[PDB]
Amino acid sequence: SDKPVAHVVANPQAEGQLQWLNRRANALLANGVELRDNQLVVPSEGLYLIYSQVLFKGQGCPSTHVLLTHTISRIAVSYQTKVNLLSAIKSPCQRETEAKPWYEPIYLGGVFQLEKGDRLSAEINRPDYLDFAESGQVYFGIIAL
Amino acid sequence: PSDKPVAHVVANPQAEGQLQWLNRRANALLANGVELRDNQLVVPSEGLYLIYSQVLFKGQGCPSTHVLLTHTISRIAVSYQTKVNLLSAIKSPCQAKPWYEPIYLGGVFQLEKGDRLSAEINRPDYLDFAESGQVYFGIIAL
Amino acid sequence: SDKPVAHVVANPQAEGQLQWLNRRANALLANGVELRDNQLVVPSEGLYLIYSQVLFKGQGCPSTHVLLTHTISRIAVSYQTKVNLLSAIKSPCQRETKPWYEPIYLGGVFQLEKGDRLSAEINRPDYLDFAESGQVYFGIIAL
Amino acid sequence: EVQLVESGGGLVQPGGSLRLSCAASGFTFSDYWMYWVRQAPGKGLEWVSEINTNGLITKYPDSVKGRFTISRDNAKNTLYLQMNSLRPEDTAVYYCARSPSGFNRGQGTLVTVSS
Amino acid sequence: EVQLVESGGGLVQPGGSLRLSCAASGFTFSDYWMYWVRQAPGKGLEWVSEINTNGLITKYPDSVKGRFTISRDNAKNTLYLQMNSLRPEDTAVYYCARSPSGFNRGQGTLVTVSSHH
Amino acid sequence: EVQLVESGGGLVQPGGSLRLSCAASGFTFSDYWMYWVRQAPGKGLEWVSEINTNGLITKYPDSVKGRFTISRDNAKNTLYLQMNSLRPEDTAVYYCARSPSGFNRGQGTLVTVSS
């Protein structure tokens, strides 16, 4: 169509970091949306649908209490202020210690009135736990409505 | 501009032990005819709507009992006030360190005008509404 | 609206299998979208928002570590190749042997071609709570 | 073709207990929030209970709160009202319904509370 | 230049076991569900196994169910078919593919199940 | 009516420790990512810490990494910087801000590190 759109996927080759990518196969960055500084830049004022998923994986439970967050934040052109739009927290481990693998996905989605030149960041707290190897697990998208 | 009916209402942080949706906030919407009435979103015209809601539950230590958490979006028909489940999940909280359970619901539904939508949970005493963007409820016409 | 749209729901009458249905009750299959071989069929080229939820329920933890997956996959018209668009995994149990519930929600925008097919599939149909309505669904809408 | 038949009504003295039952058919019971409503002599129809589809969400007016417990069994297409520590002012025809206005209510079951 | 090269085929006797292997290149392997298909002489190509990207979803026709096991190592870009309790009617050319219809298949590996060497 | 008031600034010796404090008012503290920035004499403004709304995401430039910890208390509308293994290269006016360019910063607080 002609609608501003993106669906970016985590770079599988990055190392313990969340790095958004516009790959050819089943990814999108079109109709004026740009990926600058791992951040989607809104090309025009209006309503957008904004969404993201991360999947965290761990081989067992460490001593310290583990808290996982995923967040979509808006950075305003006007001031460079950074407000949380969508977030969630997950408690993967309640005990410690063989070592069985654990998995915790987080999905965020909603509708926001945005200004041209606003940037959106999709950010986590434990990239050492991020399962970005396989595809379809880590992604970040907008589409103008 | 856009003239598509749209809402994105957020849990009142100053409310206490209940889920109260608010629209008169930054990074919230209620426009093109959608009303917030008796804690529920009112559909201003017939058609396809995308409906979504997220809640975050939190406790200071694994419950002493087998708690189940649920989140539901329900359709109340204009007449007959019939309440049907559109979207729902149930989460098992962890079987003192803090625990966190998000639930996300969304999908597309044909609605008649004056149909109401409620987004409701079962344990408001575990609902984490103090923080921004953890608890929301929206629709948009497609 | 004249846009391709589908919201199909789990069949409650099936046993240990995920079968998609078009009820007239808060379910959709319209404006050219077809349900064939348990896959949604795209009637025209374009951008589609694609989404799905499954709800897993188990009475107690088994002796064998369980991993649960939900995947939305695209089957291309030209070759019948099948690629993963959206996927997640959950580990419902950490020790053996009190019911447990696990939801997984998937969603995203994708460029699809006319005749491209979409499957929503899971690994453990025996743990799927499709008895109640609104817990298991699979939808697209052309944007 | 929706049909709700209520039962379990009777005479009880103040401080008594009663279990009302409601047998449903003609609709997908699991899809619908269900209600108990009542009609007292000379009074407006009054909803006394609401329950959601999985039974985990329940709502009550202050009039019956602490004393009335709505439950459902989706397998059995049956709705229940546990009524404890019943008061005379609870005396009324009780109905299950698909709305708090009492839509698809049946014949009702009578609960009389007198000393 | 998608290449799927099959190997591990041979002569085996009824009740025998064989591990087929498939070295993949020229695509993002962890993106695609993968298949095992076979052509037996004078028969149409038959799909015998399907596996999803993460390896937790596997499907098999009634003909081999319980006896064949498909698996994959995405780090090694390799697909495997463990074939147990082999029977003479399983004798055919075996291909790994991106489709049940045989797309991107290689030369294939010949599996002969005879009661005589 | 946005006001950020920094404090905890003072004179400390190398290898030393300071805790800077920041009182927020006039905005919803919980909504905004917050920042510590500093300015040494004759140097540009330099961001030293970024924290998200829940305090689980922290970022630092390599200049202060290992040594500085940013934290927050949303109930107290207060932001903190724990400064450890302090160096003479850390002496400056330290501000809290809603951007890394120093947006809505206050009088700042002065941290001097000498012998």
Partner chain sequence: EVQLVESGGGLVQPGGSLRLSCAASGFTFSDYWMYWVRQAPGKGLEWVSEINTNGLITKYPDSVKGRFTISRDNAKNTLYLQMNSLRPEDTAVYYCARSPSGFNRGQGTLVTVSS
Contents of the next structure:
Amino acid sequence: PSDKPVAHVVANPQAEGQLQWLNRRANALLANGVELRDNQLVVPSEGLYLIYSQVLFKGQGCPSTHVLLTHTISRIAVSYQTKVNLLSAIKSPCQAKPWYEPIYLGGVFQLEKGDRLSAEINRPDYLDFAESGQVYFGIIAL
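Given the form solved in complex with its partner chain, state the structure of the form deposited without its partner chain.
If you are looking for partners or other molecules, they are not here, because only the chain is given.
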């Protein structure tokens, strides 16, 4: 258990228009091989992995259109460029009052060494960073 891959990274509030994961060792957990490269978690060894992610959206009001918020976790095979959706979730913050839409994702999948994992959203312009620590992205080798 002390050798099993584990990673837990949080978002970078200083990024504009991106969901970028902090690579600073002072606030990023990358233990037993897994690494953060190109804003992606890299699987160091084949096996089953619990993969999870949470994002927090906030807004001050409701524009005319139902602003649809999406959050997805995808995989990119080690030797190819095909990205596959593993997890996904949609929300509708609106149907003058501030709003708050949290979207969490999770599930166990069989991953291969070198596979690249990415947690993404569609509207980074509604991201929030006031709840520092609750916008994260991690994997855990079973």
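C-alpha atoms forming the largest set that superposes within 1.5 Å between two forms make up the rigid core. Numbering follows the first chain given and starts at 1. Shifts are known only where both forms have a C-alpha.
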Can you tell which residue in 59, 113, 81, 26 has its CA shifted by 2 Å or more between the two forms when the core is superposed? 26
After superposition on the rigid core, what is the displacement of the C-alpha atom of residue 16 between the two forms, in Å? 2.6
Once the two forms are fitted on their core, CA shift of residue 69 between the two forms in Å: 0.3
Listed by sequence position, which runs of three or more consecutive residues have C-alpha shifts of 2 Å or more between the two forms, the rigid core held fixed? 22-27, 132-134
